[PDB]
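Heads up, the chain below is alone and in the form deposited in one PDB entry; it's given as structure tokens.
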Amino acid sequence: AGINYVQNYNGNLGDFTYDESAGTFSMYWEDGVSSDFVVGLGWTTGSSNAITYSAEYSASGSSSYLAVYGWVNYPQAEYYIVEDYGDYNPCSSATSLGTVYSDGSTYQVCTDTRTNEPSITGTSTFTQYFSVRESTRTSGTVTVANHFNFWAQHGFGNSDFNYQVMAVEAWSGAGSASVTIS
């Protein structure tokens, strides 16, 4: 569907521009950042619709992700499908759930419990899910249903979605990104 939601957490730490009707955004942080931002575009309510994107993503000098990002209302969850990233692979630190194959690559899957931390309903205890692409890329189709179905074997609600975006996150270093969601 048409974009109807803008994700903007600390976009002001760099240069965040977007056009919802065109499905485009860019985020430049070449001066560097020293706090976490999460910016992007998507939908007020997520779904299992496939997301197709194209991006220029330069983050070798940054702790950063290019990812589908969103939340589930109940059971409460934060999730990422990481297509590419900078100097930190987020499944290194976390509990492994094995792998899922989708859209031409194996993804490593991990989860963590998040205790007394900010959430879409305030301070809460919830679950976090990551799928991290083994063959990183900056364009393609994410068949989100394959990820959500696999995570649903491990507690993911796979329904009752809150917002869902294609996002760029970074919290250290410098980089740039331009993304189109077709």
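Take the two forms, find the largest set of C-alpha atoms that superpose within 1.5 Å, and that set is the rigid core. Positions refer to the first chain, counted from 1. What changes on going to the form deposited in another entry:
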Contents of the next structure:
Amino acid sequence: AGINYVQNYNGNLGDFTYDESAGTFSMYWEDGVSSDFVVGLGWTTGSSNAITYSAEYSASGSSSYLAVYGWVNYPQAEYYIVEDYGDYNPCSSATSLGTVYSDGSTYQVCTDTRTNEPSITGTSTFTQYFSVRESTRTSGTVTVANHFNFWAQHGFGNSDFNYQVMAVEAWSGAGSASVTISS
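Okay, that one was the form deposited in one PDB entry. Can I see the form deposited in another entry too?
Single chain only below; no partners, no other molecules.
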């Protein structure tokens, strides 16, 4: 997998375990969380390369994602390719950009502006981009290039990437997950 980056934003909200050279991690939050964590494994510098994963993901009662997750340095952007999720669809509140088809499913696409919020530069203003899979799954290949090229039509810089990971995120409710990245 060539993992060279560990994502750990508030992993101590639950039980985050990882092994970089295996490309495995797990995150248990079965007692619930009241604030956001984002944990996972991947690459110091993102690219349009496809990502292949497999997971156990049990988040039905949780505001949670199983997602490709990363940033663009500038113009600053936080992005998600949500493969499965719990009780919160980001495209319910956010601005719809339509849909894109990739790897066997429609994805709902949306965007939001975050003003003076936590970022990879302290607190800042950035744009969020989300692809949310209509047919949810816990294993497969994400053709990242199809999401990047679609988002790029709506302002996504599609260059000058920061880190890029397969992640589990949750900020409300309880759940558990165990993930393997192969590529």
